[PDB]
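J.: Okay, here's what each chain looks like letter by letter:
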Amino acid sequence: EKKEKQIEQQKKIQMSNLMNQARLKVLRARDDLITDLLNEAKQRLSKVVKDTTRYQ
Amino acid sequence: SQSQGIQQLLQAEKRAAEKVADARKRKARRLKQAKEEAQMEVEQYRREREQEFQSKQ
Numbered sequence: 058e059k060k061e062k063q064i065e066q067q068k069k070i071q072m073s074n075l076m077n078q079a080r081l082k083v084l085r086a087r088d089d090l091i092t093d094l095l096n097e098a099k100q101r102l103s104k105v106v107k108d109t110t111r112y113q
Numbered sequence: 003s004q005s006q007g008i009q010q011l012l013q014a015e016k017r018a019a020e021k022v023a024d025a026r027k028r029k030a031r032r033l034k035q036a037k038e039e040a041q042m043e044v045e046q047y048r049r050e051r052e053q054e055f056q057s058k059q
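Sequence lines, in order, name chains I and M. Here the entry's author numbering = 1-based position in the first sequence + 57. Here the entry's author numbering = 1-based position in the second sequence + 2.
Simulated from the structure, these hints should not be mistaken for laboratory data. Built from N, CA and C at the ideal position, the CB exists for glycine as well. Just so you know, not all the hints are guaranteed correct.
Said to hold, decoys possible - For each label pair, taking beta carbons as the anchor points, the in silico distance ranges come out as:
1. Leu75(I) x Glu38(M): 47 to 53 Å
2. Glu38(M) x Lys62(I): 40 to 46 Å
3. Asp88(I) x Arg49(M): 51 to 57 Å
4. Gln35(M) x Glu58(I): 30 to 36 Å
5. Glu39(M) x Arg80(I): 41 to 47 Å
6. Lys37(M) x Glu58(I): 25 to 31 Å
7. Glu43(M) x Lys69(I): 15 to 21 Å
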């Protein structure tokens, strides 16, 4: 019980690592969405400077 | 025949003494056997629980 269930607790430990890493995975994906938006914004500002009167 | 009736009864007493002493010897033997068998049972129990543990893992 101590030890076969100690392995069961390691699996619980395993669940802790899986849930904690899953949380980081989705947070990283959300941060990529922000980064991609900023990169798109830069391209849109590139489109603006391609103008003449608006850029002046 | 008085002496003989007495001797015959003494022989019966002797046998009685033997019968209970032998019973006590058997008791001691049975107790040691009980301990060895117990351990053998423990080993079987152990094998079964080992199997359950591995199954569970």
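J.: Can you give the numbers of the hints that this structure goes against, from lowest to highest?
T.: 2, 5 and 7
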